[PDB]
Amino acid sequence: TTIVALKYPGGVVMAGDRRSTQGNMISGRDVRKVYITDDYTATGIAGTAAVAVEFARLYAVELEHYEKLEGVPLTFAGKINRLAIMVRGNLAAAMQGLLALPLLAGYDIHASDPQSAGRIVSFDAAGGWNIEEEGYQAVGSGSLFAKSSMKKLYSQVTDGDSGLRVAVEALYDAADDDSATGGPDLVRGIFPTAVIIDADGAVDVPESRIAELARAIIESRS
Amino acid sequence: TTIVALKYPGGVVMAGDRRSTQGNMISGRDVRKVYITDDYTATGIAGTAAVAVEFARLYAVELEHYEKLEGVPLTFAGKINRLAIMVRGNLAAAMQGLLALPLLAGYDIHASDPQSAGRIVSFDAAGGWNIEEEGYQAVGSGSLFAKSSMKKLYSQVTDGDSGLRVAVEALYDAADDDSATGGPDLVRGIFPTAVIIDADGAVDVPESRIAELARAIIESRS
Amino acid sequence: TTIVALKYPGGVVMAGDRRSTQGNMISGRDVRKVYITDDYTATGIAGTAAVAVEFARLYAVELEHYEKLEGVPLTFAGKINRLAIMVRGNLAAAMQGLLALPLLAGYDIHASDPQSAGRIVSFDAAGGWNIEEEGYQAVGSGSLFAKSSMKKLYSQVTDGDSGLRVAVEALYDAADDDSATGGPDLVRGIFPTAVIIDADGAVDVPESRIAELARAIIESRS
Amino acid sequence: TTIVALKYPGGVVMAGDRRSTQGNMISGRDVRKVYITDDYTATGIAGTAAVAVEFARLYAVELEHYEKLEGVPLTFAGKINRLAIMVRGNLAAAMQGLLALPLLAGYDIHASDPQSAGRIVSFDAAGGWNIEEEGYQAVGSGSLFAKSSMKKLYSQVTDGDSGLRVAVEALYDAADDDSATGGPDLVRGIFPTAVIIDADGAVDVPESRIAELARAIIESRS
Amino acid sequence: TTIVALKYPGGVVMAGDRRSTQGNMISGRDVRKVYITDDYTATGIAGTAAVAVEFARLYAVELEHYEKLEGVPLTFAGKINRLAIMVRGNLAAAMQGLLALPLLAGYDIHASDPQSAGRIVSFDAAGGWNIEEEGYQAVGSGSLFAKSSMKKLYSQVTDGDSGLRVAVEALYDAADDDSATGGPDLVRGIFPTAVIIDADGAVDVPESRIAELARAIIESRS
Amino acid sequence: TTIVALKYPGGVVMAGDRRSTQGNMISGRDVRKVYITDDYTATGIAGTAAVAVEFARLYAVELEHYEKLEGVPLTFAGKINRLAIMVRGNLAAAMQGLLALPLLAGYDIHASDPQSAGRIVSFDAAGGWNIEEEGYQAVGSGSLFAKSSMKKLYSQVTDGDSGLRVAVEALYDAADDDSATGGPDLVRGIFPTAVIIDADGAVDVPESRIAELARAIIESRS
Amino acid sequence: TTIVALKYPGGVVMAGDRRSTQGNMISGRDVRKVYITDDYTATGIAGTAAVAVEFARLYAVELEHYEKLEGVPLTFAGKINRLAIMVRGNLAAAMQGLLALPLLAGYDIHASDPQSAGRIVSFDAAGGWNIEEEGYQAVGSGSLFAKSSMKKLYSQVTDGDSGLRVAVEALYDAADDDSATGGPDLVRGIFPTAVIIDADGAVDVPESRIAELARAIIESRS
Amino acid sequence: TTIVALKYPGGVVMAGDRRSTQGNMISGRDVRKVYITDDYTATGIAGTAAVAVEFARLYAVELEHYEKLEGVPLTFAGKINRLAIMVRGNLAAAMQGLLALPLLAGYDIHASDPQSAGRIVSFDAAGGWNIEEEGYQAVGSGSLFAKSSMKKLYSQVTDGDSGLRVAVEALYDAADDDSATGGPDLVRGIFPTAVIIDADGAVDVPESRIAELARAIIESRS
Amino acid sequence: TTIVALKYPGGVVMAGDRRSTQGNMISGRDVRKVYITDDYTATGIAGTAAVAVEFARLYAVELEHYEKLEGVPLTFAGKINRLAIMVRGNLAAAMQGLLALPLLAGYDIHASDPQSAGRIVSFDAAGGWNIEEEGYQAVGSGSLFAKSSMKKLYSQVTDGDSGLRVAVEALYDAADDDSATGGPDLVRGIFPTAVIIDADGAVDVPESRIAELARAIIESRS
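Keeping their order, the protein sequence lines are chains V, W, P, c, Q, U, X, T and Y. For the first sequence, the residue numbers in the deposited numbering are 301 to 522. For the second sequence, the residue numbers in the deposited numbering are 301 to 522. For the third sequence, the residue numbers in the deposited numbering are 301 to 522. For the fourth sequence, the residue numbers in the deposited numbering are 301 to 522. For the fifth sequence, the residue numbers in the deposited numbering are 301 to 522. For the sixth sequence, the residue numbers in the deposited numbering are 301 to 522. For the seventh sequence, the residue numbers in the deposited numbering are 301 to 522. For the eighth sequence, the residue numbers in the deposited numbering are 301 to 522. For the ninth sequence, the residue numbers in the deposited numbering are 301 to 522.
Just chain V, with the same shape it has in the complex:
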């Protein structure tokens, strides 16, 4: 599994692959690992697929619950803190095996600068969180290959479209070097999922744009 997130001028984008394995045997081919937690934040969890789905559901429920109760959404720092609390509370079971590494992408409406309101927060297993300043991050088994690909490709990111292309290319490299990450499947037409968050909210990227980006990348590599 690999999830990548990167900031572009005016927003953030998070993309993830679709493969689920049980050891070496491929058990899932259309898994979705990027969830729109709320109108301005998307979360993507690597590790055990079961724990990933549970954490996404429970974190979204917590954010919605607070917003409904108090009539105002949490600040981005509050969302970060609640996610870190979930990660810390998962520590014993993570040592036991049920492990989850989240990655959070968000848009800060309360930020003074709309252009630089995109935020990427990474979490370590102990519950600590770090707000990325380099403009990109990855989690999962193929995270190092994806990060080293984005390091070289990040100078091309100038809008949402180029950012999405770079994210898809990072996932492609991660799958090219790591067998637990699924590449773009042209036989089945299964492609990485992506979420773009800007000042207008968090919207799922339709499969058509991702499909044509992946096809262009595969043609370039050939």
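Check the hints yourself; a few may be wrong.
In the PhoX-like style, the derived pairs of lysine-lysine whose C-alpha atoms are separated by at most 20 Å in a straight line are [stated by the list, open to error]:
(1) Q:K451 / c:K368
(2) W:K452 / P:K451
(3) c:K452 / Q:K368
(4) Y:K368 / U:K451
(5) W:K452 / P:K452
(6) V:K451 / X:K368
(7) Y:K368 / U:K452
(8) Y:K452 / U:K452
(9) Q:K368 / c:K451
(10) X:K368 / V:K452
(11) P:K451 / W:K451
(12) V:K451 / X:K452
(13) Q:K451 / c:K452
(14) U:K451 / Y:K451
Not close to chain U: a few residues of chain V, all C-beta gaps over 10 Å, as computed [said to hold, decoys possible]:
(15) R357
(16) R382
(17) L398
(18) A411
(19) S412
Quick caveat, the hints were computed from the structure, so don't treat them as lab data. Quick reminder that beta carbons are idealized off the backbone N, C-alpha and C, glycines included.
Knowing the structure of chain V, use the given hints to seat chains W, P, c, Q, U, X, T and Y on it.
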């Protein structure tokens, strides 16, 4: 990894994938796992790549050594016995993780019937060997998927070409269900290696024919 | 044990073998593993027979209790969630050897199109659930062989009869390749149990039709 | 695996199943576990298949080696002693999982009464041996079922044909209660192997006779 | 220990041996293992004697307590469920050596056909229960020998007396092949205990009839 | 990680590096390890980054909570005792790897002599504290190198500027001999973070001054 | 440690870093890890520094010993085999912490096409070897980052100087992501060592040229 | 650490060294290990410094708490009992490493004879205590050497000054033979701390007196 | 224990402390750890005292043995290699507990520049060696403090006198921060042992000069 072998009327065919992993990280993309041990026998060893190559080299050296010393090549049962002795003598080292499981394909030149001279020999962990009468066999991590694919496809095998197509399709199925087996990689043009043994001897299949078959299979499943 | 489920145009079919063993010794020859949980959903649990029976009973009581209390049945997502909760609760005992793996087949009456209202859900050991998109799934010790048989036979599934025949054939292949799975008992007249769910509900397939299909398959492979 | 041996007036018969398994997975269907060691001695070794084959080969070589060197065959007690020496020497390997349980059927030509010259010798793990006076013996995973059915059917044994039928029925009962023993496979036409030893020597029973007896037994059970 | 049960036209019969051992030492010669739990059901518990007596005591008390509270006896499925829960609640104590395996014979008065109203229920270690359909069952250390004897003798079971004879003979075979099972003690005049359940109720068999049956069996085998 | 603290005439200065590693892999480059706990005390925690952030946050919350509840800030000894209690209460979690060792620098506003009111408190693993009398202290992996550098450089400390320069040079030496401590980053423009406490309170040192000092040190070392 | 090797039109280049750490402490700042083994081969060992040095010495002595004894140098395959045998022999001590991971760069003077005569050989822990066709390879703790950097910069490689620049940039990225690999020390004037092999042989690259390349890279990334 | 305590006619004196170590590394140079628990009682705790400080604080708080609640101080036997209870309540921590061995010096005001009112109480790990009648006692790493020094020097103890001199000389011997005990530091001017308890209460000894005593001892030993 | 070595223009100087401890107990106060191995090399071994003395004696014997046999002394590289072979051979004992880490100082009479002929060779635990280019190196338990003292004091080294003073001060700092290192004993008159090597050879530094230097350092730090 996966190596398949199957008998067709008039000979035997043996195909192998190209991927080698270290964990879930892909480390080799064009590993050759099928070796022409002698003019009428090919061997294919699954497991640790180092031990696989070492075993193939030692086995070929031993067979050629006997042929030079005694002036007559070993009978097929003699070759099977030598390979089984190697596998039995590697048991202790395989208990530490340097495991190797061979699969032997041959053309018995002393068999009365030329049309049923193909032989497939499978070796289990402890050094036992069985001459397969069902006509197909597979070794490796994707061996079960390849075997179950060949079980359904074996009624289409009538000559060398259809046998090769079925072997390539079995490798495709093994790669489809198992991440440690490499599928037909159209981006780099790396395709499974194959060897066909008939009355004329054992000859490597040119990469163009296997590429054509793999492309036809991919198109059919698209 | 092996339990297969597959979608056909207009519904779903779930079939299961009849053998239960204590190690290598056959201890039961007419075990029923496929339960009709409610009028539109059936479940099949592999693993320890005690835990399978207990889980089926508890799950059916849970669904019935909700339907009576609220006057309206649970949505398919609610049923999936309750089953996943049960599996996750079992995990602690499953590590001890009371492992139960369910497979859920259902007919979603709230779907837009009744021609594709069949649903198949697989569960992992940790509790994660996956709604199958390939149209077939299997659990049990012979699940790999059954799935590799259905992969090749699924192009023939057109109606309930085709789906039932393909399911019985997949169970036959699973029993043929796995000793813990029992094939059709021609001397005793014991055959796999199947359930067909369509718009009119979930109905047990009479043993006469399954006997006819099993005899046809055996005569085909002789 | 099950091998049975029983005495009839004027000789002995030894029969064996054909299945070999890898845990729960059926890996061999036409294995031969009964060997004609020499002109008046058959041996059948249960346990690990590789070790069984190696032990049969070694024992036959040792007997023929003594016969050629000393110009006279070993006495029956000498043969029993050599087999017991092999079993006692295999003790460490059996502790390492390379276990072998032999069963020896012979015809003592030097014995006084030619109508009671048959001899069945069972070997325990430690290398002890016992000449069976009950007139029947079994080794293997299903040996208890075979012995308990032979106890009830041994009153029907009067000649070679009745003895062969009783041996095949005992193997059938072993396969009925034990999943690691293969029953008569009427689909593939694979039947238990048998060797009949009498005053004229040891001959393999042709497959047609065993097929007829197996079909009769199956129809009687239906 | 060995306890057998078998259905006959119009009821069920359940017999048990009398020997209790602490290791290889015979400590009890007249232990009673078959209990009349209520007027239409008997239970026989193998394993440790202390836990067996406690289990029978508790089960009888529980059934009687329900009958007195509610004014109607439990249905047969209810009795099976209570016994199964009693078995399942003993997993922790049985892992320390306090294993108790029950076998339940009963007469379903609420069944449609009174001739096929007998029920034999066998429980496995984890608490699973199976209603035997073959007509006989056994528990204990000699259970396999008794079952294999009953498989051959069950065609002679035509009424209550022949069923009782077949049960006693199965016990004799189990005692013959297993040293933990006690045979008929002609010196001390101790014989297996038996209970017959039919439409009129459950009655202990008098010791004289069992004595004469055992004497007939012994004089047959002499 | 490495945090240094040192007194100068009329105050105290505390500096920390910015690198966070996971093993030998650099994961963070702008970590801030020095926190202004309250108007006159700063704290800096070495060890695990998650625990460091959580400890600093909780300690600041505790000090503020007491100040608001009682209307008066804690005495310096009270703050030391609270931090020591918080360190002692983490002894269980520190053994399993969530270690956090703090260093507390403060300006004792109740001290009689303004020019000697800077206080440095070091803590040990068991929660014991020591008010440093040598005038400097360090915590973290490079603490030994930092202390042995401050030993030689402390004669040059005379005011805030010289104290800040000596702290930065000590951090430079720690990074020069330790790879878990990050030195000045003249490519990314990341420099150690410092806090200066004196009679007017605790203020973060602007990055420009630290950049000037680090460049001067680097040019002196070339 | 990180050693990179890459092929360029007309030869091969091999660069390595200079840092040596024991745990986290930097114990060496000018280590040399690329050795000119012979006139057309450079070797570079990652892992334990002592084992690396002694392996380089043993390999050079072995190659020169063969050349002196037999009057002709070893073929490239022979050199690969000797290195692989050395690694396999070390395997046992490598489990004890004395690991050595070699990387071999050579110019095949007997190759048909001298423009493609450069060879890169990688070795796994088990002693197997692979000739890299991707044109680059890396060993050491930072080998993943170096490889993922070269994957994106290999297009630039057109001559010896372009290849050398990419090699230094790959080492820079490895040191940027990994704390066990040393970046270019502009303060001490310590830079990665490099060896260039072409038709004229293997020559050490002068330190000044690598200094210029490293300074250009640092300016580029500032 | 080493703490000595000796009686002289008319009172008691207790002295302690100043070194605190972390293994072989000196972590503290002016630790105060002798505390005035109350007006006529001093205590010195050896072992872990954190536990020593916590124990002294708790013990003093408890004594003052009782004196305030009751208006009368505890008797000496009561104080001994409270200290022994505190020791015995720390056995679990002592077994994991938080050892704390106290040494009590007191002036029994309720004693009959004013000259012999000094009391020295030694405690063991289990909580047992002894009122020492030899007139001196020591705890800590250098306790044995200090004991053996006081054994020879106690004949010179006649008044308070001679007792102080003997205590300082015993500490000097303990530091001379034990490297974890800190001797008089003439360079930093740090000397052992001492408390003299007499009929006028417990008084901290001025550092100047101990400095001149230590200098005289050093001169006499030169 | 601490042995320092440093280069000055025209030679090298190696000094060592005198303390030997058995745990916390000081056993020896006048141990000599610097040995004139031969007229131009001195060696100092830290760790177990027995192993240090044995290594020094054995190494000197080896060097003189070679010189007597071949009529010419070993080159400096040969001496380094012999010492490294001894260190590597001592690895089993070092794991057992007989650790010996050597430090070698020498004068290379064959050097191009007599002023740069001073050589310092540090050996790691695995036997690998490194010629220090820093100009200073320390071995032992206080080696880090000594090295970080010389890092600051090395600019003052301009001749033999300044180098000897810096070595003595580094030993003083190591003893100041480490309790296993013996500082200057002004009472017993025991001072570190130093050896100075220049073109005329290696000569022990007289005790009086080292005493004067130590007294000056102590008075400066007072």
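Checked hints:
1. Proposed proximity of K451 (chain Q) and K368 (chain c) is contradicted: the alpha carbons are some 49 Å apart, above 20 Å.
2. With a C-alpha separation of about 10 Å, the suggested pair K452 (chain W) and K451 (chain P) falls inside the 20 Å cut-off, and the hint holds.
3. A threshold of 20 Å between alpha carbons decides the hint, and for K452 (chain c) with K368 (chain Q) the separation of about 48 Å lies outside it, so the pair is violated.
4. Note on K368 (chain Y) and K451 (chain U): the hinted pairing is violated, with a Cα-Cα distance of about 49 Å set against a maximum of 20 Å.
5. For the suggested pair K452 (chain W) and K452 (chain P), the alpha carbons sit about 7 Å apart, so the restraint of at most 20 Å is met.
6. Between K451 (chain V) and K368 (chain X) the alpha-carbon distance is near 49 Å, which puts this suggested pair outside the 20 Å criterion.
7. For the given pair, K368 (chain Y) sits about 48 Å from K452 (chain U) by alpha-carbon distance, which is inconsistent with the 20 Å threshold.
8. Taken as a hint, the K452 (chain Y) and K452 (chain U) pair is honoured in the structure, with Cα atoms around 7 Å apart against an allowance of 20 Å.
9. For the suggested pair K368 (chain Q) and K451 (chain c), the alpha carbons sit about 49 Å apart, so the restraint of at most 20 Å is broken.
10. With a C-alpha separation of about 48 Å, the suggested pair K368 (chain X) and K452 (chain V) falls outside the 20 Å cut-off, and the hint is violated.
11. About 12 Å separates the Cα atoms of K451 (chain P) and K451 (chain W), which keeps this hinted pair within 20 Å; it holds.
12. For a cut-off of 20 Å, the pair hint linking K451 (chain V) to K452 (chain X) stands: about 10 Å separates their Cα positions.
13. Between the alpha carbons of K451 (chain Q) and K452 (chain c) the distance comes to roughly 10 Å, so the proposed pair stays at or under 20 Å and holds.
14. Note on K451 (chain U) and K451 (chain Y): the hinted pairing holds, with a Cα-Cα distance of about 12 Å set against a maximum of 20 Å.
15. Every Cβ of chain U is farther than 10 Å from the Cβ of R357 (chain V); the closest lies at roughly 24 Å, confirming the non-interface assignment.
16. For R382 (chain V), the non-interface assignment is confirmed: its Cβ lies about 14 Å from the closest Cβ of chain U, beyond the 10 Å cut-off.
17. Distance check for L398 (chain V) against chain U: the nearest CB is about 18 Å away, which clears 10 Å, and the non-interface claim stands.
18. Against the 10 Å criterion, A411 (chain V) stays outside the reach of chain U, whose nearest CB is about 18 Å from its own CB.
19. Chain U leaves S412 (chain V) outside its interface by the beta-carbon criterion, the shortest separation being 20 Å against a cut-off of 10 Å.
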